[PDB]
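S.K.: The lines below spell out each chain.
Number of protein chains: 2
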Amino acid sequence: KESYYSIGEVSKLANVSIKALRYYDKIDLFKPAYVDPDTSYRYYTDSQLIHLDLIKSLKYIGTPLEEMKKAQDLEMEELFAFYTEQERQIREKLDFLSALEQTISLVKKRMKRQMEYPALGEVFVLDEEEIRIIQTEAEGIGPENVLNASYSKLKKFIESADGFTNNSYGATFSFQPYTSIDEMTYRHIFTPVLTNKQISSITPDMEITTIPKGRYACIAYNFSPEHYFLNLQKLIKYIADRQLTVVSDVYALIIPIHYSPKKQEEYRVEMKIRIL
Amino acid sequence: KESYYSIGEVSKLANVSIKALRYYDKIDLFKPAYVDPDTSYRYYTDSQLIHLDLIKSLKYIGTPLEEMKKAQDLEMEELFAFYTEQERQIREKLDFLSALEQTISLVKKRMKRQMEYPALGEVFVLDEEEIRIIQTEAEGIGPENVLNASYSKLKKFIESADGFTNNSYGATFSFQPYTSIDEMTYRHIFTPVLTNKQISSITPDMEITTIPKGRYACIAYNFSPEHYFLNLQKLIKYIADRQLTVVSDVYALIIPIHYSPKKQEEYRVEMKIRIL
DNA sequence: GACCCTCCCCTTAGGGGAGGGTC
DNA sequence: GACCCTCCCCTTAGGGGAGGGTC
Numbered sequence: 002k003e004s005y006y007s008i009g010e011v012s013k014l015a016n017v018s019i020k021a022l023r024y025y026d027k028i029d030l031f032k033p034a035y036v037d038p039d040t041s042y043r044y045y046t047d048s049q050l051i052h053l054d055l056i057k058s059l060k061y062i063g064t065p066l067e068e069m070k071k072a073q074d075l076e077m078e079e080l081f082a083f084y085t086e087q088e089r090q091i092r093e094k095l096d097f098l099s100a101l102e103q104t105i106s107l108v109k110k111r112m113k114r115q116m117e118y119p120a121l122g123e124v125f126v127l128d129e130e131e132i133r134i135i136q137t138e139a140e141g142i143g144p145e146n147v148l149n150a151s152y153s154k155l156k157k158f159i160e161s162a163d164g165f166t167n168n169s170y171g172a173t174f175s176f177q178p179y180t181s182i183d184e185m186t187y188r189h190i191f192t193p194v195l196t197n198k199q200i201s202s203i204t205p206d207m208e209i210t211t212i213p214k215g216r217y218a219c220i221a222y223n224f225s226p227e228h229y230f231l232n233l234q235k236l237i238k239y240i241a242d243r244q245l246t247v248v249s250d251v252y253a254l255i256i257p258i259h260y261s262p263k264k265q266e267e268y269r270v271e272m273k274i275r276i277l
Numbered sequence: 002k003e004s005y006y007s008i009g010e011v012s013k014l015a016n017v018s019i020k021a022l023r024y025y026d027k028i029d030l031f032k033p034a035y036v037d038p039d040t041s042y043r044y045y046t047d048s049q050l051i052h053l054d055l056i057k058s059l060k061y062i063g064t065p066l067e068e069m070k071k072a073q074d075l076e077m078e079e080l081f082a083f084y085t086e087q088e089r090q091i092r093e094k095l096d097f098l099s100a101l102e103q104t105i106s107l108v109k110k111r112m113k114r115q116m117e118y119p120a121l122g123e124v125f126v127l128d129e130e131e132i133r134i135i136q137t138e139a140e141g142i143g144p145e146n147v148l149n150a151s152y153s154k155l156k157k158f159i160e161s162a163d164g165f166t167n168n169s170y171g172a173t174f175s176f177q178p179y180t181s182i183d184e185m186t187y188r189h190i191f192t193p194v195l196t197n198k199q200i201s202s203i204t205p206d207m208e209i210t211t212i213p214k215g216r217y218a219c220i221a222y223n224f225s226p227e228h229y230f231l232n233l234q235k236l237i238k239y240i241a242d243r244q245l246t247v248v249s250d251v252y253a254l255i256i257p258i259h260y261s262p263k264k265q266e267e268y269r270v271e272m273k274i275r276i277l
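The listed protein sequences derive, respectively, from chains A and A'. A prime marks a further copy of an entry chain. If you want the entry's author numbering, it's the 1-based position in the first sequence plus 1. If you want the entry's author numbering, it's the 1-based position in the second sequence plus 1.
A couple of the hints might just be wrong.
[Stated by the list, open to error] Once the Cα atoms are required to be at most 20 Å apart in a straight line, the calculated SDA-like pairs of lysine to any residue come out as: (1) A/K263 to A'/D74; (2) A'/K109 to A/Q90; (3) A/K109 to A'/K57; (4) A/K32 to A'/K264; (5) A'/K214 to A'/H189.
Read the hints as simulated data drawn from the structure, not as lab findings.
Let the sequences and hints guide you as you build the complete structure.
M.R.: Written out as structure tokens, the structure reads:
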């Protein structure tokens, strides 16, 4: 009190690094009361340690340093408001995280569900829960025509809402006794929606709808141009055999298996058609 | 598909900056499929745009870039776990924020409560809600002896638990008909606790207790060595006059009014003594 | 005429030394 | 022998130009 504290003494007493103290000295946020002109040593009075209280508390909640310089000036009423502001920003970060957390969870449900598929190449008839999607007319686009770039607009809408970018790429087409793959063209191309947040301002060439909840004759396999059509053939036959009645387009989903620029690419395809 | 996309084309299609793309190219996170040897132009195939999906989703949740390079390698089962890890970290950040949010709120209740004090210099008898505190023996320390450095240990305990550092500094002393300020010495010095988180490992020279809930004869004023003692005198007299019976030490609280290295320092003092 | 490229400087809040005095 | 000081280099993920070619 009747002498000075060396920077190291303040460091131990305020539980603040010596390097932090020098830095706060440099940005004129908290400078020592006296710097020995010959030795350059920094000296602090006991009375000024109180200024480190407002600086540590603010640093704990994350406010920027230059932001603090404006905080030490303001009076108690103004500081009160300041905290009200911080509260607004924390609730913001909380909401962002809560939602994120849910999105991650949904991504995992679907990730695992496809991960533990009964078997590949086989036609399975299962009871599906609905899957909300955002689609758009597939202007002529066909199985041998689609490009990732074709989903660009769909992906930007889903991206603003979900933050996360779809894992799978969808397409739909009329159920017909297709002879060849060139005989087919997609009605719509779509991407699943995860979040339930409103899309900023969806344009009218996008439709928000769903793959209906219900019963579907499904089949999943690993992608190959030959297999895409051959497996569709199994479905077309499985339905003809059981004499089932289709009540929807054929839904086609293509999920990437790894996202590594190193390995050879491989996707998982999944075709479902709703039956009575 | 049968040609290449220029960096700008990819930029518009994936909603990723050109500068981001070059940077992902530099850190070998996502490099173009072909770079024209003479012009240096970067060229991307439609097929590789899919790698930006895993990169954008991860970037949205905050995972580091070099962290991503390890994510694109791992397979679907491993990626599933990865998300489980992210979920752990998000819940962590949520908890940190929730608590922070509460602490901020409490800081504001007290900040305002003292902010809208009835009047200064007057003795008010009010019904107080308890205030949990952490105290320590005040080894000889007296009104003209205390230093901020005296609260160093107390402050480090409260700091690990509350994150926030106490606003006020407390002291207590036996209630006596004090003749002079030199006649007094503090029994304990204390600092209020906000959070209800357990202190890592409090040492036995610290006591976790409280200023009891109950009725107190209080007085708040602006600090001055003369006023500290003169106002105590009002309290000593107010109790003698009303013939009240004190049932606790005199509690002394000192709150800083501004934390600015510019303005002259000024504190708010507040003395309360519990009566029957 | 738009596009694209390669430097180059800049941003938060310090932590890590290294070389050289000082309480 | 501890302490303290002044450079100096380094860290994330790019955004901003500037000077100079290119689709």
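S.K.: Compare the structure with each hint and give your call.
M.R.: Quick rundown of the hints versus the structure:
Using a Cα cut-off of 20 Å, the hinted pair A/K263 and A'/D74 holds, with the two alpha carbons roughly 8 Å apart. Among the hinted pairs, A'/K109 with A/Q90 is consistent with the structure: their alpha-carbon atoms are about 16 Å apart, no more than 20 Å. Between the alpha carbons of A/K109 and A'/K57 the distance comes to roughly 17 Å, so the proposed pair stays at or under 20 Å and holds. About 14 Å separates the Cα atoms of A/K32 and A'/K264, which keeps this hinted pair within 20 Å; it holds.
A hinted pair counts as satisfied when its Cα atoms are at most 20 Å apart, and A'/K214 with A'/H189 qualifies at roughly 19 Å.
Violation of the numbered hints given earlier is absent; every hint is satisfied by the structure.
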